[PDB]
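J.: Chain by chain, the residues run as shown.
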Amino acid sequence: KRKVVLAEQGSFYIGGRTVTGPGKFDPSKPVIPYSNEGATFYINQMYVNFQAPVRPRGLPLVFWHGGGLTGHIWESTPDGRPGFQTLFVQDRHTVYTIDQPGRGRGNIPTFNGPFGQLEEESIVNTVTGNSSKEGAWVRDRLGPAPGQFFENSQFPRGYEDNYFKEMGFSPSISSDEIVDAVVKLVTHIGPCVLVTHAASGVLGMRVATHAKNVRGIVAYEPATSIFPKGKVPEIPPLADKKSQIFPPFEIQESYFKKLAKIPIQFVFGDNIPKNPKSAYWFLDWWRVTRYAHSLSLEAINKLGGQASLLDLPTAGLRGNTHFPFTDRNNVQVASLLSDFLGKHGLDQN
Amino acid sequence: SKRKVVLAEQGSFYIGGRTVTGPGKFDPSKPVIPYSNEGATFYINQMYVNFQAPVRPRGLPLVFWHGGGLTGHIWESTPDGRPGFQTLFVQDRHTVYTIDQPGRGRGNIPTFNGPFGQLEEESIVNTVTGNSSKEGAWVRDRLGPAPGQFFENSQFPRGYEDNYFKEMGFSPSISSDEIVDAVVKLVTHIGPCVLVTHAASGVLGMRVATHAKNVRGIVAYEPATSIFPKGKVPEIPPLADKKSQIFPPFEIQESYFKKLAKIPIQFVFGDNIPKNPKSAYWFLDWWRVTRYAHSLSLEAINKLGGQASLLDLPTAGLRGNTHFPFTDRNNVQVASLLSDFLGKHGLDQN
Ligand SMILES: COC(=O)c1ccccc1S(=O)(=O)NC(=O)Nc1nc(C)nc(OC)n1
Ligand SMILES: COC(=O)c1ccccc1S(=O)(=O)NC(=O)Nc1nc(C)nc(OC)n1
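Chains A and B, in that order, are what the protein sequence lines are.
Using the entry's author numbering, the first residue of the first sequence is number 12, and each one after it goes up by one.
Using the entry's author numbering, the first residue of the second sequence is number 11, and each one after it goes up by one.
If you are wondering where the hints come from, they were derived from the structure by calculation, not from laboratory data.
Please note that the accuracy of each hint is not assured.
Under the rule of at most 27 Å between Cα atoms (straight-line distance), these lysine-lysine pairs were calculated in the BS3-like manner [as the list claims (entries may be wrong)]:
hint: 1; chain 1: A; residue 1: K35; chain 2: B; residue 2: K252
hint: 2; chain 1: A; residue 1: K252; chain 2: B; residue 2: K35
hint: 3; chain 1: B; residue 1: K252; chain 2: B; residue 2: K240
hint: 4; chain 1: B; residue 1: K223; chain 2: A; residue 2: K35
hint: 5; chain 1: A; residue 1: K288; chain 2: A; residue 2: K223
hint: 6; chain 1: B; residue 1: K35; chain 2: B; residue 2: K12
hint: 7; chain 1: A; residue 1: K240; chain 2: A; residue 2: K253
hint: 8; chain 1: B; residue 1: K252; chain 2: A; residue 2: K252
hint: 9; chain 1: A; residue 1: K12; chain 2: B; residue 2: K14
hint: 10; chain 1: A; residue 1: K242; chain 2: A; residue 2: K253
hint: 11; chain 1: A; residue 1: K288; chain 2: B; residue 2: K40
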């Protein structure tokens with residue numbers, strides 16, 4: 012189950028821009044400590060890893076980590092079982108895994124001075140934000156409160172430290188520049204399928220509207236819904252009657268209509284309440300966010316699309332967290348992804 | 011195929027680090043976003059580790075440790091897309107570990123809710139960062155004497171400058187002790203192994219070896235900081251500008267320094283390091299004096315009974331290497347010299 016035969020593997024950087032400091036560079040003057048004087052800095056570039064099997068069949072898969080994550084989540088589970096990278100190379104697909112700008116091996120744009128500041132210009136904010144272990148525990152639905160598990164949980168218990176260690180902050184790079192890097196990658200790859208997660212859900216939808224090479228999307232628990240501009244439906248507040256889900260992203264209808272031209276599947280795990288749950292903010296947030304996505308998919312289908320919501324419990328898989336692809340039953344989750352690819356001919360040459 | 015690789019297994023994991031906490035208690039009924047430090051536990055300073063194991067490995071696993079401002083990418087591929095040392099050594103029948111050290115790449119960057127690096131009133135890392143420019147890296151890496159220029163003999167993959175410089179970035183002010191600690195923990199997990207280091211990780215790998223008997227050999231590509239027994243640093247001249255000095259050598263207690271005499275150690279240097287003072291080119295002159303300091307460090311290990319050597323790539327018949335010989339155009343020939351070192355010491359046999 013662990014063996015993999017690669018025709019080739021490697022990694023590269025793509026996307027990004029440059030910014031420049033003031034003045035000139037004199038190679039005769041001390042280079043350390045480093046200075047912005049005469050400086051060119053490459054910023055906002057993305058890291059890309061690829062592994063290609065012998066005799067690939069179908070389109071390459073581009074696995075795009077969720078918020079605060081890296082391509083690690085597709086390589087291995089926290090307890091060291093094979094991730095989707097290995098499983099899909101074994102399923103005969105070329106597999107690309109990225110670290111988006113601002114995350115992991117992607118660029119974090121900072122210079123000589125306060126974080127993110129190039130002289131007078133703020134490239135990214137000096138003040139950061141970052142979830143705690145406790146916030147991630149409830150966001151990911153391991154259980155209703157930190158340290159508590161749902162009885163049915165598929166989480167690899169005992170490997171909590173390993174799991175939370177994979178998460179971190181993201182600097183305030185604009186979403187436009189993140190989308191731009193992935194559009195450039197899709198242009199480089201050719202026809203492909205995006206497999207997204209959480210924060211990369213809305214970003215992958217945007218990429219597809221800019222890149223006809225995206226031939227399908229599977230999004231694991233996307234975090235932000237998308238609608239045509241001016242056509243956001245009524246979405247309730249949370250059960251606390253004060254909080255809202257993430258403001259839906261709005262795009263011009265001419266771009267939104269491109270989503271109707273490819274198969275799209277959103278995949279949700281378990282333990283999302285059907286009814287308001289004021290005691291558990293993130294559980295209630297997932298209830299309303301899932302509802303908003305159901306409306307987003309319906310809007311795509313009213314434009315002639317083929318956009319579906321797969322609830323893993325309906326497929327017979329119980330207890331999945333917000334990371335179904337690293338849960339204990341991730342092989343069965345992968346089988347459902349192979350099923351989607353096969354139905355839509357994305358596993359054939 | 012030159013690109014074909016057969017893995018018995020591959021994967022990645024996190025190791026090392028500690029936790030820090032914010033004040034107060036976490037209430038799951040209160041809005042979790044925007045993120046707060048209240049009731050928070052944060053995992054900080056952990057390291058990312060990737061491994062690829064061949065079918066039936068022969069000899070010790072290799073741990074490739076990137077230089078300053080880099081990541082494990084530099085061992086995966088060259089800027090122009092040729093195989094890196096990860097592929098070459100898996101093909102050479104060694105299990106290969108590649109790390110992103112704490113503060114770099116997939117390793118943790120310790121920041122929270124607040125100004126960068128600050129957890130309430132505690133400064134975990136500095137808010138003010140430092141980072142080289144393209145121009146600083148060009149001369150540090152000896153592509154040529156000035157940005158845009160290449161040495162006549164250059165092995166750099168010319169035309170792929172954008173790819174190359176895009177791989178570099180800043181490092182937060184994590185203590186070197188905590189970086190060493192994470193790698194010591196990895197070495198405990200792996201068992202007997204060989205460290206292959208680069209630039210900034212040179213001195214760190216020497217330190218790891220003094221804390222971890224499982225390090226059975228070191229190959230260091232152009233280490234940046236020299237190491238000596240405490241209060242035994244030899245006289246080292248200032249640079250030709252009569253103002254600058256090399257990096258202050260690291261000093262360790264002699265009982266730890268002596269551990270370096272028990273294992274084979276090779277430092278590898280590329281080309282275009284001047285023999286004589288060069289006041290017009292600061293980094294070239296810096297490399298001249300830094301290489302000299304390393305020659306004295308290796309001599310101090312040998313005087314204690316060690317097995318330390320300096321491999322100048324031009325003396326081995328390889329001309330034009332930069333500060334990254336393992337991604338240069340002749341990196342296959344550089345790899346053959348690493349295989350030679352491993353074979354000489356039996357580190358390629360079980
Ligand atoms: C791994 O799971 C997630 O990606 C994820 C999933 C659900 C909620 C939060 C996150 S996240 O915090 O970690 N990433 C994210 O999308 N956060 C976010 N993004 C935007 C654009 N705005 C706001 O605040 C309004 N928060
Ligand atoms: C890949 O090349 C190198 O690794 C490398 C190579 C040559 C010089 C410098 C570096 S470095 O940029 O990372 N720095 C390093 O080794 N640590 C460090 N950094 C600074 C800024 N100051 C001091 O001490 C004053 N030490």
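J.: Starting from the hint list further up, note which numbers the structure goes against and sort them upward.
T.: 4, 5, 6 and 8
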